[PDB]
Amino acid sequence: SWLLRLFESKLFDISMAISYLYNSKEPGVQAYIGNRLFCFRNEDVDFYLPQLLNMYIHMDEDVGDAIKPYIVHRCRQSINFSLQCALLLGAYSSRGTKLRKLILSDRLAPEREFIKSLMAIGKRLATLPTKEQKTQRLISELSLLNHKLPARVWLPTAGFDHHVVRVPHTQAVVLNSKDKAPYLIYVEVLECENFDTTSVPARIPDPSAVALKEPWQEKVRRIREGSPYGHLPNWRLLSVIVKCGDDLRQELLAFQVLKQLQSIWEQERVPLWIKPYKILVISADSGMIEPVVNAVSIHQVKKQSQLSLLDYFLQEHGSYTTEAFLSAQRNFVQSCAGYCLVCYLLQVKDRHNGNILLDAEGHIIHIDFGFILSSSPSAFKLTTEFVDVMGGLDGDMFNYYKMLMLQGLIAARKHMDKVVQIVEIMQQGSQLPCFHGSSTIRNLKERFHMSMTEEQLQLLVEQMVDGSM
């Protein structure tokens, strides 16, 4: 009766539920948990949806039959959930083909046509070898999508239900000059309480349409003032990065790990700072990414201003004695420690200034979490520049940085299994390069050093810091 006492105790969250669902070979347990899934908050299970669908696809039919009722019900409830399910089922299958087709067959046509249109536009830009030419053709192509709006179309990367009503095509921009170049777009939408309830809004037909490197707020004001829908209190502006030729599955895994570590550090009251950005897997070779506003890569910073990072900090936030510089330096330290721990635990490679972002507050934000764990193309380093920003090796902020790393590490140790689970379940029957090794999980577990004491963890942090320089 101990197990039953456990499943009905306060310790039984979606995490342990899925854990037992993944480990137990008892039909009664699988059925119990399969029924128990209905009792959890939707947003709690949603975070673990990729794990669930992966279990459905790549494990025995008992597990799949245990999970299927919940998935079917949720799909009947939310059309967005139906979309997410079809996408994840399609992307991670190389069993659930029948279920996917069942979901698509039900209504989902406008959304699929919308996404396919965006991806097509993304692919057509390959004939232009330049960022600017690509941007021009992008604006031209997007200028022809507004005629098909509004419709039963939304952006899944938003934390609310809505209808896409407009696209300021002039404000869009291609991010690089590569073959399958990703492109940034802004989308005017109208937020409703429930998408499945309210129908589509009506349509209502050169001052603002100039694309400047202005802050997010000013972009919003500009686009809204020139928008026919802008007068509505319903009106809200979104922004997404479309990648027509980029596998974002590992990015999704890394996103989940980021959210988890963030939750852990928040729970253990550790002032580390990271900024997980939402990932939308559409296929095994394409997807969307919600960008972080008011943030540019370190490279772009040192290229546009042509200054060292410290100099840029002194120009943008003020001298050493100003409050703004001190605050920005604190944010820089905390973000650095956070993403240090992230890069160490996830084994994040290909780390350069093109991947590290910087925002107005002074936080650093690592992006493009490809090549994690086992896969390798070059890890995160502590350059002279970063240490200079943190005020020197013997400085208070550098010591505080190392201490932040130690604190976050201990915090991670106290909740290790909740992190390991996320990766371990996704590994099941995976063809992803980040699982190239037969012992990815073992190494991941070893990087936590559960056998070490706190002093040994301190020494470990010291060695890590010394090595990263």
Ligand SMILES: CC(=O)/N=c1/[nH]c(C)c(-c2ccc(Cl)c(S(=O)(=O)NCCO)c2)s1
Given for the second form:
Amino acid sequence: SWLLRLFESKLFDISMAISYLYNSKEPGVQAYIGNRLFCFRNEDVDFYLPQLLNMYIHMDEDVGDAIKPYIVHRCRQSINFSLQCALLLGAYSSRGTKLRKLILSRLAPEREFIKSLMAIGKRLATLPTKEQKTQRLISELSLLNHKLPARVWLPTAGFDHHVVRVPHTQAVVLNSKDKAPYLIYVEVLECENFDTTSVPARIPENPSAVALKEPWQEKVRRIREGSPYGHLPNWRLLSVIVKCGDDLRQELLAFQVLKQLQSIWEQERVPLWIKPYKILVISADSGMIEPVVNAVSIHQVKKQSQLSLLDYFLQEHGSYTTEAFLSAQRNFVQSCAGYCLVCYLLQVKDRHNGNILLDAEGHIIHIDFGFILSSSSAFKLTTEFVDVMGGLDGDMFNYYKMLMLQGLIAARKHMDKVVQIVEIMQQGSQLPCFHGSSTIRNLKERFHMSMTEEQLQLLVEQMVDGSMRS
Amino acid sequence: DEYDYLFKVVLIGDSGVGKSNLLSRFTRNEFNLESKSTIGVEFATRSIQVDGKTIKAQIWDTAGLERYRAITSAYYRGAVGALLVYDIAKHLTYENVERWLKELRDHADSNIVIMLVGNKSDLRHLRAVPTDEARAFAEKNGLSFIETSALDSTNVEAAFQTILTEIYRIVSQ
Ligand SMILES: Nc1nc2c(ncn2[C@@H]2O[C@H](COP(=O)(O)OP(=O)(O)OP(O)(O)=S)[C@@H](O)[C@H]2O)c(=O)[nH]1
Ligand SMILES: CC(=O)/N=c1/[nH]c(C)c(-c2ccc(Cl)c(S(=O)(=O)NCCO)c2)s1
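After the form deposited without the named molecule, can we look at the form solved in complex with the named molecule?
Up next: the whole complex, starting with the chain shown before.
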């Protein structure tokens, strides 16, 4: 009875559920948990869909069969849910296939919408310049409006909705590469529930067309004002980056880890700052990312401004005697400490200013999570960053160290939640981040669970000293 | 002290359906998720009163695995009652109830009282055998029927107490 006691206690949450499901070899437990999933809140379980489905694919049939009923149940009440299942099932096997086919058996509008977006991106390979690509993109996106509005949505959106319109003149291609990703803006009308409503009616259309470097709210204004649907209160603007030829599965894994660390740090009371950005896996090949707006790469901030990072801070926020500056500095210091910790724990590599974004309030945001964990430069603290923090002798810089210690102590207290996420994903995985022999073992070592706090203080110093040598 | 009757009852069914926990629930009010396959046979006893008479029931928990099915059938001998159990959440286990009753018309008294038991009623959302279909089959073949959860303990007492009572008044005249 002691086990069943626990399962019926307050301590039982979806995490514990998944853990037992993953570990227990008892079919009675598997079935018991399979049934208890229905009792949990959708949102809580949703976060773990990749884990559940990975287990389903790569684990013993008993484990799959305990999971399936719940999945099918969710699939029947939400086509969004159906979609993500079908997309994930396919992506994570290259067992899955039988159920995927059954779920796809309706969704054609969405799947064709996505196919076309993917198809567009693949065509731009023949245009060797960014600017030429952008021209063809814009033209080709306008053709999508001929099919809108439809039973189509962006899974990356916080809410239920219908897609009505694509402001094609606003779309842009992000590099000159062969399989370049491209950023688009999408218009939508919010729902309270998708599955039982609308598909709104077309409004035929006709300055708003011109595209330039401007803040997010100024861009919404311009697009809205030009849009047929812009008058409605129901109307909102979304954005996605479309990656037609890039795997996003590590990117998804990192997201979960970032999201967990973020909760961990909110629950303990450490004001580190980070920004998980949503991921949508579409195939092993392809997916989408929801971008952070009002942010641009550090590198390009220095190429268009011709300034030093600090000089740019001073230009964009004010003199160091201003509130706006001191606030931005704080966001800098808090976002740096956050991301340092993420980089260390996940062993994030390939770190350079093309991969670090700066938002309009002063937070930095790290971005290219190829090269994490076992996959094989590390996170650096350049003097340019130290300058923005007010220097080595600075109080804000000491505070950066303080935060790092605090966030580490916090992380250790909730380590299992983090490790869980990675370890279940490793299962049948041929992802480069699991190439090594000791991925999870090394991950745990990096939490330094044996250490006394005095020891951790030292480790933080060593870490920081290390971050500066280069 | 003294019983008026000693009723020998067997629990049979596919491996995994919950026989051993029906028994542990019924005789010591205990249940467990973690399980050890029943090797051959297990014994437990409990006394009840029906229509004023103390009846001691001797229950033999048989084991559904086939490795042991030569030696379980030994104990079918002279048993007055049999709980034939299936798992509500695993359809195959219900499918085999027909072969489990032929198993009584080869190694056991031809005039025995049977109750069909759908166990694990607590797994609502995993249900693979509808209550109506089962109870239909139950009386087409002259069997009494009930659904239990050894886990939450629903109907476990009732199940036993029903079959023992049913038995106790076949005997009279
Ligand atoms: N949820 C739930 N699980 C149950 C119930 N009854 C039994 N189980 C679980 O089923 C599994 C197997 O049950 P068990 O007690 O071995 O049945 P059995 O028929 O004796 O199996 P065997 O002895 O022929 S090998 C165990 O994990 C047990 O915890 C029930 O009513 N509800
Ligand atoms: C203006 C701007 O850069 N907004 C963005 N917001 C986000 C989350 C961006 C992002 C995040 C991750 C990745 Cl992986 C990409 S990317 O388009 O695929 N860049 C590849 C190498 O940079 C872009 S880009």
